[PDB]
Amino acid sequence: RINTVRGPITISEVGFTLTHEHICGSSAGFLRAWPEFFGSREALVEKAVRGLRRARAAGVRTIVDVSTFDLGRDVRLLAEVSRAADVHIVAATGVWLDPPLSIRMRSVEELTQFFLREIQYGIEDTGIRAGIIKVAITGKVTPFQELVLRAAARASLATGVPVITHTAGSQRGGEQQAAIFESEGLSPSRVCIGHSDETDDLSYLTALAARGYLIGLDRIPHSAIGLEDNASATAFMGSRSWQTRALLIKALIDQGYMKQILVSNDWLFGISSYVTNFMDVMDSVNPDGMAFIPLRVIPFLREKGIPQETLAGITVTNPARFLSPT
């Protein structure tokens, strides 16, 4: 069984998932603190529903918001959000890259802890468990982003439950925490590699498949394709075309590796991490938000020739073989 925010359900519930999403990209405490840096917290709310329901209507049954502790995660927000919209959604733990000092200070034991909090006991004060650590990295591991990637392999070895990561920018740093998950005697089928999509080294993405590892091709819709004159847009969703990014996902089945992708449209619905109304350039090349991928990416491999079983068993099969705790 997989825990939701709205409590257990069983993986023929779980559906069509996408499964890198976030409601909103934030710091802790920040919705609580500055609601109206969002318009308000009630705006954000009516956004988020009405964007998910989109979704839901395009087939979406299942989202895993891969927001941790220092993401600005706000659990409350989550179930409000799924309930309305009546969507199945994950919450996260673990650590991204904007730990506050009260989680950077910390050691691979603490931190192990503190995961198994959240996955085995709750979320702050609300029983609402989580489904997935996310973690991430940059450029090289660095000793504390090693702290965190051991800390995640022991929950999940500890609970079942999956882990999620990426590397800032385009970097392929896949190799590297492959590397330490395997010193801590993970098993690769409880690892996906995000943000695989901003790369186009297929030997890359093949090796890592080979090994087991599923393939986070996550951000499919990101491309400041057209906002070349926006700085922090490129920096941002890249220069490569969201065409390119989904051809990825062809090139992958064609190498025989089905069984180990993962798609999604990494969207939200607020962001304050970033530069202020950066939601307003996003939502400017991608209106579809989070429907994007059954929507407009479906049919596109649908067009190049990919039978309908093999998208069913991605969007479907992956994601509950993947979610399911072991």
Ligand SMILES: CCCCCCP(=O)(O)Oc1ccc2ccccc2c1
Given for the second form:
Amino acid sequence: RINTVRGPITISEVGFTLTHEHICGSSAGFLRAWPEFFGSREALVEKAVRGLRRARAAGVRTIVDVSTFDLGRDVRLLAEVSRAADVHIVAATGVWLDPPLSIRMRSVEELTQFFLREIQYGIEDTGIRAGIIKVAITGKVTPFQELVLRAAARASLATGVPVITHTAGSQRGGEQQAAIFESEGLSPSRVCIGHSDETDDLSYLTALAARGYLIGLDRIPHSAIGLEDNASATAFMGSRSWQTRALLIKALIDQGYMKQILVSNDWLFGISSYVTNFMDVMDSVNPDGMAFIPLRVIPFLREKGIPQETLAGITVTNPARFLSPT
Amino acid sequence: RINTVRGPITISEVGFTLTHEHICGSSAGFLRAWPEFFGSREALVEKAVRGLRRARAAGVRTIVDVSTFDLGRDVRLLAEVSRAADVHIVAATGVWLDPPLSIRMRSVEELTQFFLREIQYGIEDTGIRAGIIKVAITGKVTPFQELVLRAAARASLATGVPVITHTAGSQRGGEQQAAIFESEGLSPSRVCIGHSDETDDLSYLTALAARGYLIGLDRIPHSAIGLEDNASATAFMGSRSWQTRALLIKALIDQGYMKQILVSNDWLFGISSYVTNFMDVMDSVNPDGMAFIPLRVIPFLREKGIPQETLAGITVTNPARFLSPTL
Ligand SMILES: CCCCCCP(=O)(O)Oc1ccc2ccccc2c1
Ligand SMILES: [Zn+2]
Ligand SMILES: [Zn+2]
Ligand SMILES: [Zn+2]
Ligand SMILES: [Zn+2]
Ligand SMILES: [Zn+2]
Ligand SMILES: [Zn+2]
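And the form solved in complex with the named molecule, for comparison with the form solved without the named molecule?
Let's see the whole complex now, leading with the same chain.
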């Protein structure tokens, strides 16, 4: 069974899953301290519920919200939105790229215990347990990021819960992360190397897939094309089209890797961790939001000749195998 | 009136005040996400209540908790401990040295609104309103720190609440905070230059006091050494003696500046933003906690011949003048 913000669900109940999404990109405590940054908590809930309900109408049954403590994960927000939209949400533990001092001063043993608290006991006082561990690196893994990766591996070996990563920007960091994970004895089948659609290097992707890693092509809608005059947009969403991103799904299917592929939008309903009103720029590129994958990518891949069955395998079977604890 | 975590109090209720303290040094959301770091929330509350009751029995009536959002301020913790200890606590807005992205991406105008929300409306959902604005800088003030200082000046000018600031990693640089604050039209009498006991340069402190700034000699018990192993202990407390620090209080008095002096401990009852078990290092060097000022420093100054009336001016009158909102 998989833990969600509404409690445990069976695999059969998971259904069509977007495995890399967020309700709100933020910082720890920030939504509680300054909800009016989002116009109000109530407005952000309403936006999230309308968006998830549109995704649900397009067939989405589950999302995995990969926001960690330091991305401002608010598990009560997740719970409210999950229940109102009636879509399963899996919450996350782990450490993203903006740890505060109380996180970044911690040893590997301490970080392991924090992730275990979140998976085993619950998040804060809520009893809501994490279903995935999210980690991130920049460039070359920093000493602190290596501690986070080792703690993630150890928490996953203890609980069976999977790890999702990424490397900041379009740097291809999977091989360095995979080295660390394997040094801890973590099976590749527990690890998704995320934001892998940021690169065209198919040799890099195929080799990771061939080792049994899951490949997150999780950014598909993010494109700054047409937004060339917005330098903040280009830095966040890149210059590659969504079709270019989507064709990596095809390329990996064609190389025999369909079982290793996880697809998502990396969308959200509010963001405070970047420039002000960035959500508006995002919303203007992808008015579909989280429904982008079912509504637009899926038919795109069918049209390129991929079998509905192979698409169902990527969007249903792969996420269930990935999320079910081992 | 002055806002506290229990509501508004009158000037005459403020009493002997420690103007630079913390209940817990932490990070935003951390005490809620990992209270077992502190052994438990229940354990942190008990320790804080005992420590504030000790300070109270030593004559303390009010503390100012200068912890900002990014220092992990939990106003519900402050309200709980203030009630159980019967010591008023004034809470803070502002930005310390660990702003997360959602803060460090903000403009001066946005930060001004955030500080105004916490002063005028309340902190989080609690209705508890900040009574001071805390800001911090390093080195040569960074561009982001300059934004924070100007937003603080604008929030103070709109509400009358004062500003407490310091320069981390050096023993001067109040001159940087002063130039920026004055460029915004802020009166120096609304500003305390904190951690001023870290320097031995008295001409520097006297020149700020002559301009009307208040001088925080607020780190007095952090002098302590004897721990020559720890890079941690020294890189944070340092190598001087507390007496030498306390003598800066007498030095400013002798220069005619008694009205400009605020004294405190910069203590806390939990700390997660540095090395694990740093709290135990701090408690071993200063087992008096927040009672160190009234139990050690005040009698030391008395024995150096400072009169009662002067010591009451520093500990009672100056903090009430500082904290009372004055536009
Ligand atoms: C800066 C705050 C955004 C919060 C979203 C967290 P994310 O890391 O999963 O989203 C991003 C945000 C920007 C990215 C830029 C290049 C490559 C991948 C990127 C992923
Ligand atoms: Zn990411
Ligand atoms: Zn992502
Ligand atoms: Zn993401
Ligand atoms: Zn300080
Ligand atoms: Zn201080
Ligand atoms: Zn302090």
